[PDB]
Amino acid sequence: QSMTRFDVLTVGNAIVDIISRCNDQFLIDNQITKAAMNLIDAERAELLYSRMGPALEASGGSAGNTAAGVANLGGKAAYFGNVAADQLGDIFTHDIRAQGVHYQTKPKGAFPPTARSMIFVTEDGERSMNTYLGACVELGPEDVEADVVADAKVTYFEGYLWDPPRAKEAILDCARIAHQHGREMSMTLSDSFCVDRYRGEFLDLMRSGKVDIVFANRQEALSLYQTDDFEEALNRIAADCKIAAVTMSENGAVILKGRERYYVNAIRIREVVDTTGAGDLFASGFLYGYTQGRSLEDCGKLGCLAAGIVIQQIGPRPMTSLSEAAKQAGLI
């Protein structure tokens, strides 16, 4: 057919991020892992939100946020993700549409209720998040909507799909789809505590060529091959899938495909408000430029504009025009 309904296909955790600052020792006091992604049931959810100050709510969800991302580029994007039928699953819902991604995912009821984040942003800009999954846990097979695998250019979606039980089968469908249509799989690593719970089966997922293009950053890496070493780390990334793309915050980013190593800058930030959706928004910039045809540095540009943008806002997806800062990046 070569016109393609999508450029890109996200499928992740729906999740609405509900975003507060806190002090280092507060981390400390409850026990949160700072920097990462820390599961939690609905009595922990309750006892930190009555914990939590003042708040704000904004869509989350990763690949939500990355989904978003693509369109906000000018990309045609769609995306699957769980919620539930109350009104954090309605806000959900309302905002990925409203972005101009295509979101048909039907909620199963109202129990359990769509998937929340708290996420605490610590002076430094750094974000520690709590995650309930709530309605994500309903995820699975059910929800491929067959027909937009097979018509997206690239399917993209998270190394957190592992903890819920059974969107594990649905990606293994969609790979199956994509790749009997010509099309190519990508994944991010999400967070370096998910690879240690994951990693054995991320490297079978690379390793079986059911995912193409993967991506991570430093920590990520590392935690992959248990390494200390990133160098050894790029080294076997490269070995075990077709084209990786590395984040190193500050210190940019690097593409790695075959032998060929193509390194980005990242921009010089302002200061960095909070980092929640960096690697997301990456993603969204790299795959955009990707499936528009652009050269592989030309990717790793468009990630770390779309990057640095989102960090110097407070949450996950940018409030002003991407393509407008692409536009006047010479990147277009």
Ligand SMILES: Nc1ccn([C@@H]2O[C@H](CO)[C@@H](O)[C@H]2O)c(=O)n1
The other form holds:
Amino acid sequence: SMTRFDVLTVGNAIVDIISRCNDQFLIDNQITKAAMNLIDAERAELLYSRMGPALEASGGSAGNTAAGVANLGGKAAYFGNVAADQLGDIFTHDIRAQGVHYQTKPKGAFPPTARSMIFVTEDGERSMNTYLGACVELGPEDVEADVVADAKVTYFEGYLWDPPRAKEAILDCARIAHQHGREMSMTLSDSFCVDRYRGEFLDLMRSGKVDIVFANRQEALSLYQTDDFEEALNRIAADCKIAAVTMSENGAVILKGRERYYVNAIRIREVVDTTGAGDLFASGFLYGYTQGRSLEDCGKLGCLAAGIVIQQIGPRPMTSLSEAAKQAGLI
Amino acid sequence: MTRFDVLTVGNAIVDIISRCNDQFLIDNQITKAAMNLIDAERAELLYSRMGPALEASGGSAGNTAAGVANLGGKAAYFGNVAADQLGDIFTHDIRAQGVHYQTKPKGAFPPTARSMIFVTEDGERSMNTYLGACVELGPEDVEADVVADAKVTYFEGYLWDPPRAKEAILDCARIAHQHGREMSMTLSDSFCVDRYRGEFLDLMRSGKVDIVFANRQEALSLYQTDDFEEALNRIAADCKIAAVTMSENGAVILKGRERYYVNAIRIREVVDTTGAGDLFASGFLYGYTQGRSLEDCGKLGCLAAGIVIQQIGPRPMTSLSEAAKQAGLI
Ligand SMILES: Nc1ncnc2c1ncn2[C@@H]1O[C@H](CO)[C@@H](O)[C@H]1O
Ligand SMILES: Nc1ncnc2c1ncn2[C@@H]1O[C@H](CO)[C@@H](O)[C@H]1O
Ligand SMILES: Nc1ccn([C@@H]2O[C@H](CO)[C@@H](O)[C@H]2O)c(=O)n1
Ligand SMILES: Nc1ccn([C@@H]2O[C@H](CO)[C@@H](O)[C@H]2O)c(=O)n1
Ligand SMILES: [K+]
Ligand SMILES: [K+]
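Form solved in complex with this ligand structure, per the form solved without this ligand context:
The complete assembly is shown below, putting the previous chain first.
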């Protein structure tokens, strides 16, 4: 039985810089609402100069997912590259403090640690503006082969296709994982990210490099360039062994071959900030999965964690997910 | 026309915030509810034991300046950060709020001050502060035209810990009074008062300070008494105006023989008390520089403080001016 890690995640190591804004701010600054907008250093300086007083919190989609698995009680690890600077030190502290194995060594102080200016509108939607900085350095040299070998599931971001060499690391992970009888998982990350890497993502799924795919409605529609969600569901199920597809307030559906398991979203008092919802859905699902739970229960765990994170500021729940899971009888 | 309503001067700090259980404070010998000074080695040790955290610009006076700006007053700030990422954060947040902030970093070492703030289930906050670049603040950082052009210059008792900051404050007092302005201070923390009791009383009695902010604990510590009534009578004798806060019991404003009692506002829950006194000073000084009555100054203070304790972060993220309009205070 004894495997060192339940879930290894791999992603862009990012610190979030968070501010609430009005709707007009997104229009004036040509920020695509609800999306991840890549920006260069000049634009990062420009947007920051226009941003209100902010809060900082460790982010990165996969980073959040790893933290969420640890909070739930699972054994997690993380690969992601920061710089040797104060933001890097924050990132390192926060993920390690949650009890995630994190050992990726910074390569120097420049480029500096990635940051994402995240603007949260009154509806709770989040629009991210990301300077990748030190994330561009993540490569095959950062694969801790023993960790991939000893993790039940290695999960990675579609976002990793933006930096130049991260994809090589992921192909190395896929090889090591499958050689050791483990599983690979990916998230489609963002609908524009899917627009950029559609062919490569489909090839990952169809070649069997990815066993479990996470998508939201928008990403699924984008993957097949369709407006027909039923078509998207049918096609994604044909392309990967297990698909977990989130539908915001309408919950989730888990697909396996011809099987579909629908799960309801939880009751929200108020949607504060949706940042991290998809990441924490993956935390809940992968925690359940690596505990041998039913696909329906994995979905329920995902929706529980996602529901909690959207009721706070910050992409990583500050409360105990394991305690919430116990109260909810998901255990 | 005066350029600024309120200039504040303080230790420029970024907060690092985590919730902890009661035992964590005992285990780490952290004095609860207090500002605990720490060296670089202890800062690393405590950080190593701290859970996942959130960062937000802090500094008592920095928070007060931000609150005045939020309410709609014209604010400025003197405080020293380093040329590093935390310094960049601090500089951004205070300037983005519309506060004049022009103090120049002197280098990257010491690095920007940070305070690890541990919030217990009761909402109390226990701060652990490595002063870093704050030790460099001195007379060279006094923008004399700013002091000359500010209705009130307000400063922290906390400034007596770093070595040269008191010299800057004495320069401020001279320029302020020469230009007919008023000087204000907060006693900051009861242990800070324990450390600098004599000096603080001398500031008040010499007339270098006109308006004093204290909480109950600081007022008792100032006179080393258990008698709150004695503390009120004595503080009124030592300074022209005293604003004394009593947590959930509101505040009392003293001027000579006059006393104005003000109630705390109704709140949904105490999330994190960090910044309550700072934002009381924000509301009070905003009111004061708008020509409002001392009681209305108190009410504005209790409104701003009541708002800040219902959120994580020592600086209100919501509009204080809108809240003041809604509360019918403006
Ligand atoms: N390009 C990116 N790659 C990975 N994660 C990102 C990117 N941009 C923003 N994020 C993260 O997405 C999280 C929300 O899913 C935020 O915590 C933020 O840090
Ligand atoms: N030594 C200090 N000097 C000034 N401000 C401080 C000190 N220690 C903590 N603080 C600030 O006190 C604020 C709460 O009053 C916090 O935001 C924190 O940054
Ligand atoms: N407005 C929203 C948005 C999201 N969610 C929860 O987060 C998951 C992924 O979006 C969704 O599957 C759902 O669990 C929600 O409950 N309400
Ligand atoms: N538990 C608490 C603590 C503080 N406060 C408000 O903050 C001011 C300074 O403590 C106090 O004067 C008060 O207005 C509060 O309302 N409740
Ligand atoms: K959130
Ligand atoms: K607070």
